[PDB]
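Sequences are here, hints too, so could you generate the full structure?
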Amino acid sequence: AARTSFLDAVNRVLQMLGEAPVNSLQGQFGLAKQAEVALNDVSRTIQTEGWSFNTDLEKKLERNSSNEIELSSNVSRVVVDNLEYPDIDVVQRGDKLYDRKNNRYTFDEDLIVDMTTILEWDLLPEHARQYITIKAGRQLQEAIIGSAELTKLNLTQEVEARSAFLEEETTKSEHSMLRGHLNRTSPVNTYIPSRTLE
Amino acid sequence: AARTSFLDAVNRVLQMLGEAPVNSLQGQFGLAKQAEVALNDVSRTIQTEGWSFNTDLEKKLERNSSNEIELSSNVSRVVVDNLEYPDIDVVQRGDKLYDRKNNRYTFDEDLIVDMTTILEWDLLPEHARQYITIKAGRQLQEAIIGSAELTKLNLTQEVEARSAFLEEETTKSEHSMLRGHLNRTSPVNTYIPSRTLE
Amino acid sequence: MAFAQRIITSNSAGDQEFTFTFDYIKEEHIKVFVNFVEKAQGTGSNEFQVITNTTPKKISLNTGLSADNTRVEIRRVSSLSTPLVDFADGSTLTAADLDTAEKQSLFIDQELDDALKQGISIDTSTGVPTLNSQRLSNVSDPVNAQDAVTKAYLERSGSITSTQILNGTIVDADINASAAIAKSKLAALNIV
Amino acid sequence: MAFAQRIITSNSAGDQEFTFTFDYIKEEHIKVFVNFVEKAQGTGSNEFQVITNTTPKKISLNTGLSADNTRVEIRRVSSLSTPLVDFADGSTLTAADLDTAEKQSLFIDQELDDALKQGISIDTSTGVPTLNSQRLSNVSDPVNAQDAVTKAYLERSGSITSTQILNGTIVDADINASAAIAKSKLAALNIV
Amino acid sequence: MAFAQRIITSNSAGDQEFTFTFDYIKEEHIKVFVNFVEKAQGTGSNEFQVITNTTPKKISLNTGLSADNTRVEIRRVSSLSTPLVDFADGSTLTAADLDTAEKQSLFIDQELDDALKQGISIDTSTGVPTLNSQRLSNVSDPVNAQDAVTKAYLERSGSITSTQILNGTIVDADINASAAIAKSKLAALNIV
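Residue numbers (the authors' numbering), protein chains in the order written: chain v, 2 to 199; chain u, 2 to 199; chain M, 1 to 192; chain N, 1 to 192; chain O, 1 to 192.
Watch out, some of these pointers could steer you wrong.
From chain N, some residues computed to sit far from chain M (all C-beta separations above 12 Å) [as the list claims (entries may be wrong)]:
#, residue
1, 14
2, 23
3, 25
4, 27
5, 32
6, 45
7, 76
8, 96
9, 138
10, 143
11, 179
12, 184
Distance condition first, Cα-Cα at most 30 Å in a straight line; then the derived DSS-like pairs of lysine-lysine [as the list claims (entries may be wrong)]:
#, chain 1, residue 1, chain 2, residue 2
13, M, 26, M, 103
14, v, 34, M, 31
15, u, 61, u, 102
16, M, 185, O, 185
None of these hints come from the bench; they were simulated from the model. Where is the CB? At the ideal position from N, CA and C, for every residue including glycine.
Written as structure tokens, this is what we have:
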């Protein structure tokens, strides 16, 4: 029983809309285009927020011959630590970083940043796939049909799916408060006041 | 999956309205032009507030021969520092500044102001694009059809989108209360009270 | 002919438009390589775009080549890991799905055959797959007896041994005149 | 045994019959090659026909071979540039079409595997690539000696490097009797 | 990566179980090789069996490894000789048959690609063929002017000829002291 595929997700979205399942995706003669665009848009909307499975740490960026930083096509957000660079303030603009404080598009040295990428469908994990599918189906039905009872049922299912996805994310990636900013290499032992008293 | 483009945003607005998708954007024969107009209007409405990605600090402004300050066609707001300029306070009027204390349109030297610019669709970051898309879709649907339950649903989606956008902005920019007004260079270490106790 | 791959050596720097003739299924199934660099599909900062409103369909780079005679390759690779059709129960079977499955299988077979031909291909008059005027390389220095020789091995220090020399040619044409050649190590001579 | 090919060295000149064992779909898919020369299929001005009346099936030529020990090749090839069966909407499905499509796909895969095997294989005695004792040609000259050394580059006058000759086997076998060896290249023996 | 094969260099004699990750359709499609010997499938007298209960699945040998560092290869091969599903009229078509056919075709294509890549592929660094640090073996003795050279042909007696010698490197260290060289074939040092 392998992981969910794109065709299975499209079939689930159509079924939640209330139509008959479709055979394939290629050269379809049905709603495959609408299902595909809905799934892609919801995937992008979920990914652009930034989670633990699509974020890189302390990645180096290299400038071009004109001292200008150009991002890739699928870079959603770029964060620069303030304390490390007290004289430079950057904000993403289109596909180039912008030196907000000095009002320049040029830099003096390479940077160490942490960026969030948007991933293709094939590379997503299972819980992300589930949440994406359910949210896309709800959005498509709400925009297309607009009935009442179907909207209620989709609302309940979406709430349950969001709860499950958030719980899975947090138990996988073990967020903590003592460690503080994650860019610091872990000095924490998280010793357990619940065990060693005997 | 790249960042949202103009054609994708137009198709999304049309789909939210509930009408068939379009093929391109040039030489079309539908409501795509009205969707474009609504997108531009909502973009202007959102950008005229002043956020992290479209504000330039410490910017220096230059005067013309007749001792006047002229602004570009896409400048939304300017702020001068009261502490830095005690005897002169300015308020924007059209494309020129007015020294409201001295009742003159003429200044004596140059100014160092904070400037907010209205940007084109290309330079906008992802979260701003998403918020703009959803808001424009809701407004256009209300203007065209005029339902109430549809407005309720779009209000729910807009509230969720605004929450996501605000969370993204406050995670990106890293605002603070200790630092005070940001025109002063950061002397704060924000030394962590939590970890370094072992 | 090359079914689904066109390799072109760029004539001049600054050129951006290239053409192709093979059929395809999706605009995302076309890959372009520029001297080992991989270019992502899309529009904008994406460094190449596809154009289909003109026959023959043509691709367009988003930045001209720095120098001329830089190899540019266009190859079509259909899906190999994921099937294009997955039959689900309760649907209305239409001929379009079957035709698409047939087309996908045919295109995969064509691409594999073209890749095999692009590799070393049989020399019909002899039999060993000929390299067809290419420099086979990336073979490590010989390890066993039958292992072939490489440049860094045949020009390596210490490769001189006591077996492979022959007679009948050695003359002054390359012997160093200033070299101090040992008289005893040199040969004999009778001066009558 | 190759699935869909058979190479025959003619026992004697003048023969016109050759047998084959593999199955097929259409007789137009049978190609006959002689001396790396392709012959068309048909009658009269053509060179060969196919006889399927007997078992095993055999192919017959319209003219005997000029000389004995002549290379004759018969290999199957299915339609690569066009699907054999297309599905039309509004009719009754038949199992024959599905069976034909499956047979075509299987035969194409078989033929491709046979081509790869007749090309480059991996010996199951050592695990290294093998050539089954054939001859390699049409190899470009090694600009870097990483490539297998070409014998033209080996035997070309002056192409041999000074390090390619490994001193140690000096005898009188190959020095020409009338060879005017440069006198200032050898010393004298210590004659006592 | 390799799609449907795994090659293991064993690390301890006496081991029995080795893990594998790829997918399969039927258990009888799995093949095991021990030191270049294909291993039969079964139980008891048969030397290995498949355990599909633990994740990741692994194959167990009935007899322990005699000596360590013995190569074991697990590779999947689908039935290349017969289709896995046969269609007969009067049978209600179900998605299982169509999915089985699609999986068979895709797996066959994947295995063919794997074999082609494992063989002599093309090094993408310069677009030239590569052996990937292997040894070419079982090449016939070169004859034509453009073949490759073999160690046997280079080292057989008399392989080097007079034209195969370029002067300048008659090293004195390797010159034989006991060699019998006639004074007629020798040079004449000009002792002033």
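| request: Hints the structure violates: just list their numbers, smallest first. | output: Per hint list: 9, 10, 11, 12 violated.
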